[PDB]
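Quick setup: one chain, the form solved without its partner chain, written in structure tokens, and binding and motion questions come after.
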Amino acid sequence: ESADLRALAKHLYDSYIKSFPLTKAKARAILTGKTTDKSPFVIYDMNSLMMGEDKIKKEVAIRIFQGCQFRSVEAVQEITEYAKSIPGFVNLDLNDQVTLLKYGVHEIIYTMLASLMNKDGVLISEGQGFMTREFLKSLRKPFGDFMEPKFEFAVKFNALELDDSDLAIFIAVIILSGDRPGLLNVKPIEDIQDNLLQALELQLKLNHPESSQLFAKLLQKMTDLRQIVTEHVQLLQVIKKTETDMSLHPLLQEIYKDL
């Protein structure tokens, strides 16, 4: 019954809206000058950056990057809340619950980070600010290209014109992989993903009828996400060696023992 797949698509969009304070609908409204929302203060340079403080709520490159870390630890909270709402996930082995989040969480962050980006920059502080791609290309030697490959993916991925109702199922298909390193019982996971994959395929067909093979085209973008993550990992172990005075959050440290 396709009808059950609709009930499931709508249950997931519902939880996605509950769990994520800044949707793609809101971010796109901010980014394109709409009247449902308010204009962001732009940071493109060092003077704009500290004028952001008297308008929005230690070195600069270091501060920027620890901001992403902190925002990332917040997302992991939102993602983990979205996870629980996915039918079946809290029924699984607790070890596998940990393993699925561990490997899925960054692929999801980088998917939802694309919603905040256009080719010229990225929203920050709940959309109250916008920081140019160029301003992030002139930070430091170790922090010179630690945000560019998310832009490169984001620009290509945003070209599919996905909705929040599309992304809610896609993000759930990511978590429920089952080819993840260290899983105890895979088959119960593969059962949930098969279901989520049929919900997504019907969703894309209905929401994007003129869009040939959007389903497959979105599945290939999972290949892009894995490279971003493994590139970021390598980047991270360089930064922690050049910068021995940079604290990393133990939550991110615990996720990052992966590969």
Second form
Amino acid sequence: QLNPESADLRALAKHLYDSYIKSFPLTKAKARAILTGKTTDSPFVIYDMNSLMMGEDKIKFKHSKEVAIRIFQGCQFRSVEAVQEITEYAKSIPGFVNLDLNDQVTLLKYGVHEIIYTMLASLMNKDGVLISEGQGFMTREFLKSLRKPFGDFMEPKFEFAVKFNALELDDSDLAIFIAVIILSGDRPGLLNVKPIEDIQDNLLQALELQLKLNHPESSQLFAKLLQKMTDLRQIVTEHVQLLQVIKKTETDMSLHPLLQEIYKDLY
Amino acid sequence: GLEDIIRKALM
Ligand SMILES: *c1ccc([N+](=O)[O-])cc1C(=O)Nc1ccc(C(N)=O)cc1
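Output the form solved in complex with its partner chain next; the form solved without its partner chain has already been displayed.
Next comes the full complex, this chain leading.
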């Protein structure tokens, strides 16, 4: 069982973890420390409109006529850094940069959104989500209470995050999982699926071994984690449905400027 | 915009 192959898979896992730590300053460990009240360096809780206004000093403004579209434009602009970090991470995946460059772009242009949601789950618990770079905490029920269609923006991400966070993955697990997401041979428009699957097969072996070594308590964790890719994709494609809801909405879609800024840090 | 951002980041 501990043979040259398994050692190579552990080396791959370590390589990915190291690149992950280098590429992603916001780790799950850091997020969970905040969420479980361990960093004494502590987020202000925004749980209603009153606390929202009282948090005005802590929401820094960074920056369409539709508020929702402006939010999406802002968050997608703010996501560039994440996209660049994920792309940088992908370069560390053995074989990735040797793929047809079109396929690299295709893999990343689908994968980055799923990875952003995966990492967003690290910032979430059942109560809410860290915002303002770990400096604020926006409650899930406050977000859910906002007038349509805003109240529906984040709840499916929370529903996912609760189910995903129940897997108790750590950054070592996530480093490989994210690589498996990127090396998805099923993306539309892929030119050469087989070299992608060759890499993903290696990453999957590495992930399977990682999860066996790291989660003795979890039956079928590998399968359960792979099934979460279904939920991730669903969340991404739900954004298309949200856009249609927004264009059809004729009710008031005003939103407090601080909520707009908060949503722009979300995805 | 995204494909260009990724293409650039891959450089
Ligand atoms: C940004 C900020 C907030 C939300 N939200 O609360 O739903 C969403 C966004 C956003 O634009 N997310 C997003 C962008 C792009 C894709 C995509 N290309 O598939 C999905 C989701």
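In this text, rigid core is short for the largest set of C-alphas that superpose within 1.5 Å between two forms. Positions refer to the first chain, counted from 1.
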Out of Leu197, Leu49, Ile228, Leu219, the residue that alone shifts its CA by 2 Å or more between the two forms when the rigid core is the reference:
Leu49
